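One chain follows as structure tokens, the form deposited in one PDB entry.
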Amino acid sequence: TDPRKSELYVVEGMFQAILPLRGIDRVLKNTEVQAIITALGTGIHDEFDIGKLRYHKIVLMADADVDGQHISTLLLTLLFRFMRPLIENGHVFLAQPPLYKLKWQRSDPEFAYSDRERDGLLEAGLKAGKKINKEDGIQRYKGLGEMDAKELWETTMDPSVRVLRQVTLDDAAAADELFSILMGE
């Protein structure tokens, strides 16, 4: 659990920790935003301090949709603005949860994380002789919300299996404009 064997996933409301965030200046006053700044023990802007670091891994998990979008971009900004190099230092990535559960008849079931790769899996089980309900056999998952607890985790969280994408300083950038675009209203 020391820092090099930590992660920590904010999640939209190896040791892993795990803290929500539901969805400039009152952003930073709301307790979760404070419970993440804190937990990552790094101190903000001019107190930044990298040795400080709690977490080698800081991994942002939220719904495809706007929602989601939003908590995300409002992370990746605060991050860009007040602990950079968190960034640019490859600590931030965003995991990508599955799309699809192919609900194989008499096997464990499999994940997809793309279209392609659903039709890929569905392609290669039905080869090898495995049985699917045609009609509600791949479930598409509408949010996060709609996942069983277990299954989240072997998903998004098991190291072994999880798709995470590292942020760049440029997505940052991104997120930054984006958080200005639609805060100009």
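Numbering follows the first chain given and starts at 1. Between two forms, the rigid core is the largest collection of C-alphas that superpose within 1.5 Å. What changes on going to the form deposited in another entry:
- Core-aligned CA deviation for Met157 between the two forms: less than 2 Å.
- Remark: with the core as the superposition reference, the CA shift of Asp49 between the two forms stays below 2 Å.
- The Cα position of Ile138 differs by less than 2 Å between the two forms after fitting on the rigid core.
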Second form
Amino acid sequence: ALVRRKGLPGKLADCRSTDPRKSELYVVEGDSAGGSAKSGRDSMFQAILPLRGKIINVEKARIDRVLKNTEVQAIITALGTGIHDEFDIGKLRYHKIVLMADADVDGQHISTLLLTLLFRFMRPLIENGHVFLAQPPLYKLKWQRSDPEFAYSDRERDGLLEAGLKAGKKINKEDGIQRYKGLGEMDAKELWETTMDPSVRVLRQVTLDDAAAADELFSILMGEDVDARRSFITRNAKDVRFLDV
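What I would like now is the form deposited in another entry, since the data block earlier showed the form deposited in one PDB entry; can you produce it?
Just this one chain is shown here; partners and other molecules are left out.
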């Protein structure tokens, strides 16, 4: 068990449960989203750490400069573990680290910057399955009489719409289907019922299979060598759609 703040980041909205095994840290993109998340959370087991701006690339930046970054220090300090050789999982203050970013490309980018920080400084967190990715909603179907439904893809939107209309439900063509363009547009209630409520949230657990292969891919995508990265994109961007087919 470990003490919660009521010597940690000022931005950290810590949880109440002193058991790391039961605790969760939601690393959130943006102050707005983090603010509403802090309200809609379950304060007992869920803590919020809002990150502001693009995270520094630890692959490119010198080690001393990374340690001066306020956003990185917040993560390292909040997680409790050390980094690199001084890493100790025993001090992990949260056994569930959920990265929650916008569905847009900048959210995807921030995710890769965070995954790079974790893989390079605190790899065991990934190896032991403590790192997760929350999947935010993309649409909110607001039926005239029925309870609202959330969709996490264009397909699900079309499906839930079809089913509802077939069932005799109806929607306004004005208000209609609210489309989320980021976590910042959501309120406290919406975030709970889509990303933080443990009974409905869609989390993805980051697994690490081939460490050597991952090591290379991180260096290509995040490293200083542009040419290597340029050729990799032009080589593989053509086939991103077909990675899971």
